[PDB]
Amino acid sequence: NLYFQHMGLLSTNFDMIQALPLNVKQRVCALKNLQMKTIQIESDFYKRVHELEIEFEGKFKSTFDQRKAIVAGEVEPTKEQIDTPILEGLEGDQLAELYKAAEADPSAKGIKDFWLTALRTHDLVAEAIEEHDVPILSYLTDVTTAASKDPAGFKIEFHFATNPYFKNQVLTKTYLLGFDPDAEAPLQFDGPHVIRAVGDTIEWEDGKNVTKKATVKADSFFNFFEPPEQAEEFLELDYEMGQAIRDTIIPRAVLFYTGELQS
């Protein structure tokens, strides 16, 4: 957790800097020059990390695709998959007692409310989920993420089964990232910074728009798909929510579903 003072006079060590002899002051300005050269090299490092993310996203894809098929009930688990304990840290007696706690229900297909439960177990995303959002999020069949190089950034895709709230099958949110130091504040470069977020138009069915109420803006998770010193921090909170989904929830969804992982 860092903080940049965009104005020099407000620095915490300003009195010390001001009292430095001009001799010493010019050495500090040389270090500011050197610091920019460090920043430019750091920028190339982060671009290489971003490319590495793209390479491993293709490697990740099949295991996420198999997760979706299981959640949707399109494939049934193999016996190796059934042999994996549902929870960690149990005993054989505790595990056997768990499996004997509820007989099979052939009418239950897939894993109902998987992504709703996983999202609601992350404390940041759960606070954005209102009650009128809950029955819509139960149609979530998948949540995916992929990074891009041409427009630099990443996107998050929310895949919805056919539902009476909107016609969209995939709701996409895109963040455009800047990987270069910005000419207006080059020494503040901390890595890829969000330039702007782009949402998606939801084709609501009549009377189902949970983002509006009687008409004024209503509190809804689905305002996530209409993105905008207050506007700068508003984009920061929106970007942090997107990061929680891409970096934390998506790769470890089942751990949030069981509640073994909390964040």
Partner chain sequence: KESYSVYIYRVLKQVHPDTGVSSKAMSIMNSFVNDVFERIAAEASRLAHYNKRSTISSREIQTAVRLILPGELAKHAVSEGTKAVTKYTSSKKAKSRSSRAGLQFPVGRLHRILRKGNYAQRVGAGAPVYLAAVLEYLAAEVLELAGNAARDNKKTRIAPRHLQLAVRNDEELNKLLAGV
Second form
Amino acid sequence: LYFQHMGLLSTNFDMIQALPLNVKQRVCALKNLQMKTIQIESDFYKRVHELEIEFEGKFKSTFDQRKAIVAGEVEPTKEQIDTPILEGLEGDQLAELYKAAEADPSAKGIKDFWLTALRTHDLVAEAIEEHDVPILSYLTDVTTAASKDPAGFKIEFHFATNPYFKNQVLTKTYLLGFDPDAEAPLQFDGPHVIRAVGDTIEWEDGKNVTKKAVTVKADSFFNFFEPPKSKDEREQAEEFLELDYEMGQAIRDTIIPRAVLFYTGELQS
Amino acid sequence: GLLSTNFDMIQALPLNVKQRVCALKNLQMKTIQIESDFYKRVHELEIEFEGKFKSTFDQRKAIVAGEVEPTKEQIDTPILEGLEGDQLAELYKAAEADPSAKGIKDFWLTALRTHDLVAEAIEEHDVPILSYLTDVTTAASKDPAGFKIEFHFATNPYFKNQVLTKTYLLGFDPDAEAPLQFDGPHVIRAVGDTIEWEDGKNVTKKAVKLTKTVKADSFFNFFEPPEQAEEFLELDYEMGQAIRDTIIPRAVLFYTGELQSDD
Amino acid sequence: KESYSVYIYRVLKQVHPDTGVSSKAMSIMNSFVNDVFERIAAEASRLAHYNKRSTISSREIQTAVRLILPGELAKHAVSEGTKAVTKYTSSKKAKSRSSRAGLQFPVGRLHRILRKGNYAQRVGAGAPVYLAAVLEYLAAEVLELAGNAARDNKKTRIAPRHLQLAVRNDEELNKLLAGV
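Right, and the form solved in complex with its partner chain of this protein, after the form deposited without its partner chain?
And the full complex, kicking off with our chain again.
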């Protein structure tokens, strides 16, 4: 669904045009009432944002335990071991899988967990180039948190010590508007991205896959940490900005809460 | 489960790594339980906001019915947001006032049929029936968990009901037999409403020749909800969701057609 | 009584990027599209009312188009509909049917209107693709000629009179749109 900003392109324009004037004025009243409905909805979305912040403390422990498992810092419990690796399979079918590959003591944690999860999501996979793959192998965790003031959220990408860059955490921050646009209020469909803020990557010599010599910008997942700038910092750039935000939403709303389901590929499109 | 995108990788994992994935499956179940509490709180949030939305919807119904007259501050709102000063003044001059026209005729019919999903359900013999629709409302409940949509019809020659009610019962907990599915609230049951049709007006039923009575196509099968049974219910629910979440809060934008989709 | 105004406008920007169209001219364009659609659909039904299941395919639309549109318009429309179907069956974020076919006119909505009017009810996916390309081709031809007439008259906005000059002075468009 899109808002038609060219009123003469409105689907029912000719019906509107033919309305007698006294009926038109009733429609005008409804447009005024619609703006008030949208103001109340903006308050609703602010309350939802508060709920998400409140639940961060509850989600945190499950995500922290997941990071510890992925890194090999903690051993699965007996009740964890007895959980089926894939949801559909029964005792007989499972014992097959568990015998298909003997234990390897040289294998610590779950290698390539976040790389696999991210690349199984069709939107994020488009953003992963081949020279990005060995870098994302060092990703030990992906986390997210929201704020009320300033309104928005961040995503943090935690990297083990690696030969590509020195940073241990790459942060992507989105500042969101929760109020309707005063000059176009009727389009309001929820929070909208004001600005995206990336992070400076301290690349080791000759490892910067975001650059190529023709020196130009190369295609790379890590351009996520140079987001497009808003208009107050400069066109087509705002569609770039929306596509960056949509990937941030995918990572925060979908991949982070259900990472292992993307790792196994049990979440499909 | 064997359909998983990355099954071959999973199979090849060494056993000690497999057990770590198993641990992650158990942790994922706990995440989903917390998510289920989140959606319950959101449902309560929606209930809380019904009282806040109610007045705008009431004033809209009164305007649509012609029970109250627009104020000056209301009249000065552009009928269409997109237009420039010049074109707007033309539009207001294109058709003179008609004192015999009360309220906004066919408001909900036009709004419902301009939404591409609901338009799929509206047949031509439904159109004159939906002309009598005076209001569409929605409310949510915790006991039993779900929501309803109510369609208010003025006195009409098609059926005797003055309110047609559609009720959805929602499960907010993960399915104990498939906890990893959980995607949010899911429909347990849909409950419709018996339409008391006047003679020869029931467009939802036709006979075919033994002589059997079969379902005919009509929007009003929305009020007779159900191996295929799970395919109807999901599309019935999605139409219900569209009306509750999209059409009711933004009705006038579908009336004007300022909200469009490109299917 | 359907509106294709947003699609007509997007097609206008393709043939005349800096040209507008008045609201009354847009109503006339819609009448053109609706009249051609109804005629094409009514004959596609009649031609498929005689096979077993009654299933309107890409090939029934093609025959109805050869019957309704005159001479060179028919050949070009058939060309366009054929290319749209081929690109659509060759095609694969989820992309809409219209963009899969490389079209601006709405494939999904035309499928719904076809299925609705019960024109030989049961409609194949290729049929709205083909018909959308035909109506889009006709819209583009009219708009191209009307746009030319507009800025020949020193205007940047297609008015009703620029549409009548475009239609009446073109032999095949005039025969196709005479009754409207």
